[PDB]
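Following the hints, position chain B' against chain B.
There are 2 protein chains.
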Amino acid sequence: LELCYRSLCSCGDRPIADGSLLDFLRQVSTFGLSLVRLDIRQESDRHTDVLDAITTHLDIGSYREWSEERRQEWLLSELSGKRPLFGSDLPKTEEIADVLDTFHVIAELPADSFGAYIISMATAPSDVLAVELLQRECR
Amino acid sequence: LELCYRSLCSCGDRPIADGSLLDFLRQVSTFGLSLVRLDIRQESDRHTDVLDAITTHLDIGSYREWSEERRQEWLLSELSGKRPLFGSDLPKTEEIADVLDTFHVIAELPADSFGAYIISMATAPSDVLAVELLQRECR
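Chains as they are written, first to last, in PDB author numbering: chain B, 412 to 550; chain B', 412 to 550. A prime marks a further copy of an entry chain.
Quick caveat, the hints were computed from the structure, so don't treat them as lab data. Beta carbons: idealized from backbone N, C-alpha and C, even for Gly.
Computed cross-link-like contacts, DMTMM-like style, restricted to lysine to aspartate or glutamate with a CA-CA straight-line distance of at most 25 Å:
1. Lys493/B' - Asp538/B'
2. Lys493/B - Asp463/B'
3. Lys503/B - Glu548/B'
From the derived model, a few chain B' residues whose C-beta atoms are all more than 10 Å from chain B:
4. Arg425
5. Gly430
6. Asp450
7. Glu479
8. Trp485
9. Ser488
10. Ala508
11. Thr513
12. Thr534
13. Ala535
So here's chain B without its partners, still in its complex pose:
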């Protein structure tokens, strides 16, 4: 389309370019391939459950019990690390399976489909860091 617009302007046919073609370019740029971008939203407590089952499965303690700065500390070291965090061998409640599966589906779809991941009931930086970490470790 931009090739058409460029070419048309080249030959002094800009008025033709600024008709149906400009309207089309503007609609492409505004709506893209999806019309809209889906945001995802979930409670912070639902991410806390997932990390708590992870830390329980690794015999490190309960991610729920940790202070906000201990949580911050562990989350930081893990984002700095190079080792994956969990595998299929992981006790998953139905809810935890929902959270991880949502992350996998996000991972399976093109980026132009998604806007923002929104943490309901956010209160502390560890609530954001949890979500970034889950996003990385769900590929």
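Below, chain B' alone, put in the same frame as chain B:
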């Protein structure tokens, strides 16, 4: 087939059962769905390279430098563990990619297709433990 054999014997038709039907059952049991079972064979040194790039990527040292008992020790703790070992983020030489990809292909195929994994140039238990660990961590 066994239902046919059972039924035929029920009615005193065992002589009929012990003809073409018995030959067929025996061929099924002997050749199975693959005729043969593929063995896989690889050098021990080629597994050592893979674990050395893994330990280098995790800033733990060089798996090659470790004594046979230090190797044994690390391999044991990892098999005892519950955390996966590596992800896509891993510097892979062409050879290391071949070894991991062979393990993935093995993981993608039915068990009746495979006999044994054979370590050329085996010398010490850490050569076997390496292969068991790679088999588990390649799913």
